[PDB]
Structures are given as structure tokens and as C-alpha cells.
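First, one chain by itself in C-alpha cells, the form solved without this ligand.
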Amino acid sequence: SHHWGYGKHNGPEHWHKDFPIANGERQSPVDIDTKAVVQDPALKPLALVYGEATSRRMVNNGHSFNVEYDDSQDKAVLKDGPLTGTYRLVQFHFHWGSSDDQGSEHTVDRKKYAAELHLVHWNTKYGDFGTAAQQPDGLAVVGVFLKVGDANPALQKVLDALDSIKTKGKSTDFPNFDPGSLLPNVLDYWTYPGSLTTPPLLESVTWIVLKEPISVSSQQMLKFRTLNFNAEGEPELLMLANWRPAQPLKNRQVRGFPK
């Protein structure tokens, strides 16, 4: 039902068994070596059209939680940046570690943040997220680093719903949440072709990792680790860590905007 996980017996190092692509040529995340970042005059500023974003529910997916958005129409889309076309926001989720010194999937010159936010979008040229996820130009995910420091009020509404989705599969109504409240003021970004960091690990993601992190308090981070990987009736298993480590960059180029 979701055999893969982040434990020693089913963690990232074993995903390749059920998902051979785990050892693919465009796997994410990757460490971003700023010294090797390339400047592409063709890159444009990110166009996050989230004004009419309509959040629906928060769901415990068995490895983290998703804040789902109505992607039935172009209510909240991602355009420009390194993209061609329109990409609808379908859901966002986070990745975190068991301690504040780790948790982010992408790293900056080996630097790890406490957590990492992923805003998932899909190319409207495909009719649906699933079909989109099968094409290299199908998905666009904006990664946002959460840096331990000042408590972040915008993160409040999210943390408050966690006690309502403790176990795998549990969901809760989660209306009127502005996804843009989780974005930094400066939208400088790094971009490279990659994949979803969780199985099926499809290589259809144009990664857009923001250079500027947003804040989160150590106390707020404790909150993320209170969730359960398990379904009610199963042994309790806390969601202490759900990040995939950096994967081989291989023949990929990380571009940076504005540089």
C-alpha cells in the first residue's frame, strides 16, 4: 500500500528495488555547488500566479502531508522562470529531518536546512498531473528551504491541522491557505532537470529551488515530527525524517537566476 519509506529496511537506499529509476540519470535532489552554477540570459523571473489559489484538504500521505489545491482550472499557476507553458499548482508538502541540522533534500554547497517545502505543479499541455508526470516537461516543483530561526506565523495554519491528520491516510478540511505565504520575498532561484524525490521518482521535474529560505522555529520543527508514518491499528511510527539525500548530478547543469 506504500511499502517504500525512510526506515533502514525501506529507505532511499532500497527504493531502487521497486523503482529502478532511483538510479536514473536525472534523480533529485542534488547538492547545488554554487561555484558551478551557470548564468542563462534566457531564464526569466518566476511568475507565481497564486492570487486565486484554492486550497482544499491536507492529507497524510504515508510519508508526509500534502496541502491539496484545486487544479481543475488555472486558479494558481506557475509560469516563466525556466518554464515554457503554464503549470498548475496541485499540492505542496515538506521534507524534514529528525534534528534541526538536517531535513532539506537539496543542499547548497553541502549546506542542509531544517526542512524543505515543495510546491508541485503540472504542465497544462497534458490534461492531468499523471500524464504530465510521464514527460520531461511535465512537472515543475518549486523548492523552498526552511531555515531554523524565527518562528514563522504563515506556517501556523499548517502546524495547527497536523493533529487532525496524525495517521497515514487521514485528511482534514484545509481552506483558504495562500501558498504564496510560504515564499521568500526575493525569488532568485537555481534550476535543473530532475525528478520527484519520492517513488515513483519520475524524471519529469523542472526543479526551481529558491535561493532565499523562509524561517521556521526549532519549536515549530518539533511539530512536523509529531506525525505518524503508520495507519491506525499499526505500530506507531513517528515521521521523524522523510528526506532523500543528494543524488548524483551526473551530466546535469544547474542554472541560476538572475545568476
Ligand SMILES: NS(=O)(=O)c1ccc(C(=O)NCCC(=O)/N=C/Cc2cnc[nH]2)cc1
Second form
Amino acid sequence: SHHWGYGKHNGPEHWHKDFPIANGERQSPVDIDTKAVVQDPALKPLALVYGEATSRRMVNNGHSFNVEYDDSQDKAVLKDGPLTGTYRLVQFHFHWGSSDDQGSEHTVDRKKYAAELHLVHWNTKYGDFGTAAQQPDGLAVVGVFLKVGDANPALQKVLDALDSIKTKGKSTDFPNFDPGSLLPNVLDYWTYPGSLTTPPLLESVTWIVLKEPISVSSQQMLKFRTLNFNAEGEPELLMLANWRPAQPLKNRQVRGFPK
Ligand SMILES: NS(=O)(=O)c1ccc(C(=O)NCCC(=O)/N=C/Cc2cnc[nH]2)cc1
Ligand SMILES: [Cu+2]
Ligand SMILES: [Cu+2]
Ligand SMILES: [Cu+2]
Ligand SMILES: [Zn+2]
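Form solved without this ligand already given; the form solved in complex with this ligand follows:
To see the whole picture, the full complex is given below, headed by that same chain.
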């Protein structure tokens, strides 16, 4: 009955009451002020090694929907970029807004995109996702902006499944989806140390925010908003918006690759 969300009484501005780390030193998302971005020769190109990724199911968790990957072996991994070691892909999900002018979590010189994709990975040094989530070098999330414009056929494959998982707790089988199909052609990125953008808001995420967006149509964006926060039987609560706004940078440094 009490959890958290994006509504009038359970929203981001209140999360600190239940999760005090909400007001911590390394919270996400942030605005990326491009004039302030630092060039670090230590940064490498990203290595997203997704050829053998095994998608399992798509699930409505009552705050967004996740496409879940098999993370029992090194099947889809992220390495290099700002990272040391190997990070296994566990899931991806999206955030979006109630109209096309808003919905991304990260912003770029205060600009908001319509949505943002998060590919979530964990450091195999820690044995499991949960253990990794509690360490500063434990997680790496790749964020990809969705910019309104042309319809995205790879995204349409995801959106065609949402009618199966309209309500909280529903899941559907979702095999053979290549998470690489949702990446831009150029993998230039910004990086900074931050947090999970939902409860439990843990400060364990090396953020990797791609500079180049992928496309989405306005029509496609309507489809995100047909999901429900609630479980079947309960009063309907449309998943109109599920983004946390920019949080204070607090003298963290955003680095850019290749500049
Ligand atoms: N918005 S975010 O990317 O900062 C983010 C990412 C993850 C969480 C989180 O709380 N993680 C739970 C993910 C999950 O459900 N994993 C289950 C294990 C699994 C095994 N196979 C697939 N999934 C919160 C915010
Ligand atoms: Cu909740
Ligand atoms: Cu909720
Ligand atoms: Cu609460
Ligand atoms: Zn997210």
C-alpha cells in the first residue's frame, strides 16, 4: 500500500523521508553542463559486448518495465570506457514524461529529451547484483536519450509487447532481443559517479550517458503512457511520467569521451 512513485503524495520530493540517501553527496540524475565537461586521456572507448545476450522476459514492476537478461554468465558485458573490470548486463528499462517535451532523467545544458533508456550492469568482482549495488564501483548504467523524430523500428519490437504487461506484476516472455539495437551509431559519452535514480537510491553507479540520442516517434511515446502503476483490480493509475529530476552536482566532475 505504501511504496514510492511519481504521484502527488509518493513522489521524488518525498523520497528522502523514506530513503535519506536521497539527499546524499552523489545522487543521480544530473544536468550535464557541456561547457564544464573535462577531457581525461585515461578514458577508453566503451566495449559493449552484447552478441550473445539472452533476453528472458519483460516485466511491469509498477514503476517502469524491465527487459530482463540472463546474468548467470558473462553473456552480455560492458567493459572499458571509464570502468575497471567486467560488468554484466542484467536488465534495461526506460523513463519517460507526460508530454514529448520532457521525460529524460539526465539533461544536457538543461535540455530534456522525451525518454531515457537505462542499460543496467553489475561488477562481476562482487558475485551478484545485490552485493554490487552496495559498493561505489559496483554498478554501471548506460543511459541513452530518446529524441522525438522518426519512429524507431527496434523500439517498436519492445512497444508491441506492452499490451501484455499493462498492470503491475504482469510479465511476458521476451526472447531474442538484441539490446545493442537500441544504441546510437556513435558511442561518445559523458561519465560521472552517481546513484540509482529510484529507491533505494544507492551511490554505486558509474554513469555512462551517451551523447547521441536514438529516435522515437510521438506516436510511439503514447504507448509508454498506456502502462499502469497499479496492480489489476486496483484503481487505475496511468504510467504518465516516471522520471526523477536533476539533482545537485555537489562538485562532482563530469568527464567526456573522446572529449
Ligand atoms: N534507474 S536506474 O537505472 O538508476 C536503476 C537501476 C536499478 C534499480 C534497482 O533497484 N535494481 C533492481 C533490478 C532487478 O529487478 N533485478 C533483478 C535480478 C535479475 C535477474 N535477471 C534479471 N534481473 C533501480 C534504479
Ligand atoms: Cu513504489
Ligand atoms: Cu509506486
Ligand atoms: Cu513514503
Ligand atoms: Zn532508470
